[PDB]
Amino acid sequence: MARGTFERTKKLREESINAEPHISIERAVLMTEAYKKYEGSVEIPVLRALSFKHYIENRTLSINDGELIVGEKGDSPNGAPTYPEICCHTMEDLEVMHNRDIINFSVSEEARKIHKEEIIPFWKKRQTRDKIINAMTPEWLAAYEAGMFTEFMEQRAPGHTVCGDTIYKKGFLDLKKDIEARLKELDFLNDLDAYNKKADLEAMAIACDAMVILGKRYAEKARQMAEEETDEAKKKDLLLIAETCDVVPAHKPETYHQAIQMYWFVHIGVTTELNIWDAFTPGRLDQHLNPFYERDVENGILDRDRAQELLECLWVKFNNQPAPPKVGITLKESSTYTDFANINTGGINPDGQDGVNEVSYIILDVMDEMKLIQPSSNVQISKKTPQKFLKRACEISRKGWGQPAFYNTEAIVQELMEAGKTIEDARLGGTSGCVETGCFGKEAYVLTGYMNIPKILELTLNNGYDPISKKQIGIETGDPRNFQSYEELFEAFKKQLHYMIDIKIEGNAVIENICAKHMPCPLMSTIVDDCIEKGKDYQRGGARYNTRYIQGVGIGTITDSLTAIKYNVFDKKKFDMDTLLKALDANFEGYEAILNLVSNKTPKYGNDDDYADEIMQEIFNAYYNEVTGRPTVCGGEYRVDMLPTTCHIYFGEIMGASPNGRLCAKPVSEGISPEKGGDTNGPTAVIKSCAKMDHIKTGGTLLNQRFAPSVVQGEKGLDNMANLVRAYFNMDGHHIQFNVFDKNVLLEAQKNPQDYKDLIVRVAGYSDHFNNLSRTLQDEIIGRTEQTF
């Protein structure tokens, strides 16, 4: 039939998939009212909290037909609020997003008028995007404009965080009492920081009051609708909603149902406080819900079916919240409606032992049934994980819509401990976003933007000149024709890297200050370890752990490029640097013999070939060494991860031909995957190549693999997938995820998209509809190596 295990969830799912993407202007209006009332009369943290509270008090609330869990970010499903305190769109922005080819958002004429007349006049000079851009150096602006790197905080708040367990043990009235206790013990005689603590703690208290009002208003809304509903079954559902909201979020949840509603209210809260990267996620959902599940079934108020029904409702709620609209580079690097709410199922419990429980299997059943691209429902696989759980996950992956990805629990824990987390805290951790490792509920781990490693080699080969933007973007490391050795070339590359990282980090530091001062998040601070105890907002270092990342893109492309140069120019001496540079400038036109050599007669990453893989390691180590351990403004350090989202398309589009044989404006490699056509020795050879990268020293790496549908059939096919995951993870690989599609279906979908509106594929760290992808991205996915066992 229709997807959904029950008639209720079938109906909720059909509403969700039919909702049209559009913008909701109410949030911007209410924030404007609050600033006009309060700006200049209070410190900024209190201003944000008072503005959030004003928004919560006055926004319109809705309950959709059949819901058991309530709460929407916008006016209706697929309605995105706007965030003019971060990015106040131009009228052209609104025109572009309404009319663009993919990832469009409808802008009603009423929304356009209000934005033009009320929002722009107030927020255009206040938006943080202008504070950032106006503070960047000309070197940063040139590099940014040339596609050397991206900037995550230009249109969104740092975000990128995961809920802990606080909201299942405390309500917001409890947290407020904790905050009031902290306020009473501030020592203004001897603690010279007491004033800053008071401002942040006062804001947190106001945020708590706002959450109490959220629950109060939804309970009223539910009862007012109950008096008006004639259908007896619906009225009882409305009365159940009201009873649930009488408890949460003001008080700690007492039941499994209340635990889910508490999480979802907090989710609505933090993602309307600010437009945070990767929305929000409960993280280790099966660990938090299992005590409630066991208690509730034992008391006879819950069974497996109702527990599954509630989670199917939750799944639909995620799918009703798009990532708010992006423009410019932010869209190019994250070209999707999804908001990367990553759920980790399986793994280990807080004591460090096997965490698979009954809720874990329920989550696998609901993600299988619902087949929704939000949330991003993934599994943590431990050496302690039962093989039955892994094989069930492989069963779902083999169906070919991308979810779940697989994460190595032992790698995650060691990555966290390498970064300074205690073993006790690391056992609560996991991955969020695409593949990013973090200590859930206790860490600010902020991604700052992608770094175009292949184009750094391009700058090296052009003495700092960018052949595409036709500007001097890098530094003068020398004419490559004078390099007498591969070591000399690699040293020049490392100098270009150092310069580009220095440029990025300097801008990052400015941006970190701007976000801390102008984007404090008192609501998020209330639920993140150490903010209350420290009296310090999450956005300026209140978390127990603080890290920042620069995301490395294109390791396969640059590995094969430097490998091609070492092999052909310096070792075998089949041609010289001058000839290679002419070939690149001509996009290999007139140099077909060179193209054949570098493409087809040269070692390649992903074949368990140490000639290429040792170069991968050298590049990886240089990147790790250049970035890791640099201080952040708010008391943490920089670390390294490797993922592209859709930025590998953009980074290749503004790059010329590269020495490995990739042609001008083609995408660079995705994640740590091999280059196009690079791996010719099967999937075991590539996981052996990928394992030579030291995953433990990163905050996560992304590996895509693709299988022919015929080679994963039957029980042997499941075992082959399961065994590949185990083999990779036994070598301490971080992550792997699978495409399993018929190439001809994708090709047909390109010719007749309207017949394939349901076709979903794996992109990079998330799944999306094939029809939401540009032709270039579609062709990138189709070109990935079709593996056989």
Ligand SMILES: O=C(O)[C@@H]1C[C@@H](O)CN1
Contents of the next structure:
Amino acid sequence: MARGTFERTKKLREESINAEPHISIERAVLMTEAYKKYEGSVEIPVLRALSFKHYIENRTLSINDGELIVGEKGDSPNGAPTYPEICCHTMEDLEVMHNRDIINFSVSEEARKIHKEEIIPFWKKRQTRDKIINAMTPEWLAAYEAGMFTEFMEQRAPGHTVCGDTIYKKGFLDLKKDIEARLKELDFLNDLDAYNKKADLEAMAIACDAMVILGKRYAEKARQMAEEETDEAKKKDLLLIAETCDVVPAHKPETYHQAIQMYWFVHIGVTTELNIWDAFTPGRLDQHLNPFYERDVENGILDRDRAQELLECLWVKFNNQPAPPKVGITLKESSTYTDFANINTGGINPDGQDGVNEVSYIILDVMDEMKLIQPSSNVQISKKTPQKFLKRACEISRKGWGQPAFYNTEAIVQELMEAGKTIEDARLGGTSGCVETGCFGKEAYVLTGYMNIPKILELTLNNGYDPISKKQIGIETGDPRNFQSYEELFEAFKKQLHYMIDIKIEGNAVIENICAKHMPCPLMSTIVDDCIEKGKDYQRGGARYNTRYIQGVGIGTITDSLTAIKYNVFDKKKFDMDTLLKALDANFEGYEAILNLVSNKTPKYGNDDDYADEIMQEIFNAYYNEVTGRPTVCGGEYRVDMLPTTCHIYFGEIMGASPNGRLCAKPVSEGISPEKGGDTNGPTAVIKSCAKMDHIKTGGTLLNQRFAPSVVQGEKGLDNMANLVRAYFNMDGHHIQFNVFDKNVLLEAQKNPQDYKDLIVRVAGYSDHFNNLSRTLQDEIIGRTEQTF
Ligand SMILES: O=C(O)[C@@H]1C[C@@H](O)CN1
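Structure of the form deposited with this ligand bound (previous: the form solved without this ligand):
Full assembly next; the chain just shown is listed first.
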């Protein structure tokens, strides 16, 4: 019986979870062929498009057994392509990723030999990663190696965008027509940018040709496979696939079935064009599918079950696409196979009214049934959302596998407008990746890396010296033993923050240039608003909205650490700075008195305690002020968001003991959640604390909450969950997502992981299999506060 409402979706789901994660070298081979043929003869954008077209023209293509939506990134499910133009793996990288315990990728010997003999000799010098690393300053390299921040674009393309509605209203033949109209009207006399516009537009036209080739090829393959298929029912499925691919992606979808296939084709495209962060997502899928759903049921070619079956197929298709292999710091900061394909169900419709429709509930049923950690199927809750939809979402959340996450539609809309989006565009918006607010289909909102806010406090406390790397990573802001007031230390901290943010942004500017010049994405550009009209690649600012983020990690840890110092060193004067640093250097060994004071007798973030929460506000504002408004190379601005993925593990690992009681090498806090052991007053206290962070001034904040399974039972639990979401959202909280697990199931899962392969927990903005997480990350989740109502 298992999972899947129909036989078909049961089978596709079973194939999905059994697919072995491996690398598919075919993309690298084909991209090398295209470069050796075209490199040096065309501009880089056209070169990218021609390579993508050459790849789409010659890649093998698979229709899995029983599929209705067709298309895989790699050779087979969980087959990750490689991206040697971004990161050309060394042979040791292939070794590490093949043999690592968690998030491994099998490197077949055929892939290994090809990479060593065909890929490395060509791409070792061309990969953008070396371009980036060789262009970085010494202080950047030291800070990067010291774990002060991470670099999102060392192994992945900026990506991090969401489909809008263009692909349902237009085909790629239509988009090629729009691009050809832009080309005809380019003014090379007066528009001094016309050359760059032409190169980008010409590239987008090729991407449209490539998307059209993709549909022709799949329809031909489907018909061809129908000719040898002896099963009439499967033959008809293949004929339906062919009929679907005759329409999409060349023409706009006319049916609900075609709308989904159009999305997934675009998904495959943009996600093999570049190893883009957060893969891709349809965004407001229920908004886009509903007119197709109503039009199809009225016409009698679709019913609620066929609608659900198709969406369950789409769910499996997401689950077949791992985030391509990461190594080094990129693995540490994103230690997961998931690619954060974040779907927003519910929210408001384009006119700003309640968006919950029939497809909204179909989607809820699909995520419930499929229980797949991809896509990241979440709900947007508006003050206009009918309680039935919120309560139904809680029915799924309380089942304890993390999804759905809850996003505050009104927060999203206001954040977008705060970043400069029109209300018209904001109403099309939502969250992607973990919690990242974006105007879907109209924005490049690029994450550039995690910022180790607690370690900046550490540098502050060591006069710029990093006691872990034993290098002078920061600047000399003074011996804190000489600071006579908390304010002075916090000023010293802001100075360290300014220095570190300066190093990060400086590298980002170099990196943003490298991605703009060396990673143009003509395919993505065809569907993202304003790119065609501007004649400007998405990668150099063609989106209507352009934001860059540095994601702040460890706000809880650093808040409590600064609170511990304000309370104990300056306020109550239980000990002085010199003692605290001695305690920190000793990992609190021999300072049990101090460790207890800062852990249990000092105000803590997440209890509606203004003493600690105002410190959180000062730190968050210091971060917001330090980053927000900085220009991006391509005419946008930096903004701030708070979200860690797995980087709160790494950031804790390369950090020493912190003034809040956190021990050396221990994780820093995740998202904007309280520090480990910090919230002792229940969830209402934490959502009130978290609401004091100005979510509207961010591009998203991540709140993890965990509930004891007993308190979410029945209608009382649903109502309590629904009220907590609404109470947090009524205060403009941005996001809340729930763990509902039995601590003993996870403890046993650690002891016998082979018995709990099913076990999914919520990490940070996503759900993952518990066994894919390091022991440190597992214990971090376990250490999260079990809340009761
Ligand atoms: O894998 C990650 O780290 C991406 C980055 C943010 O979109 C959240 N998820």
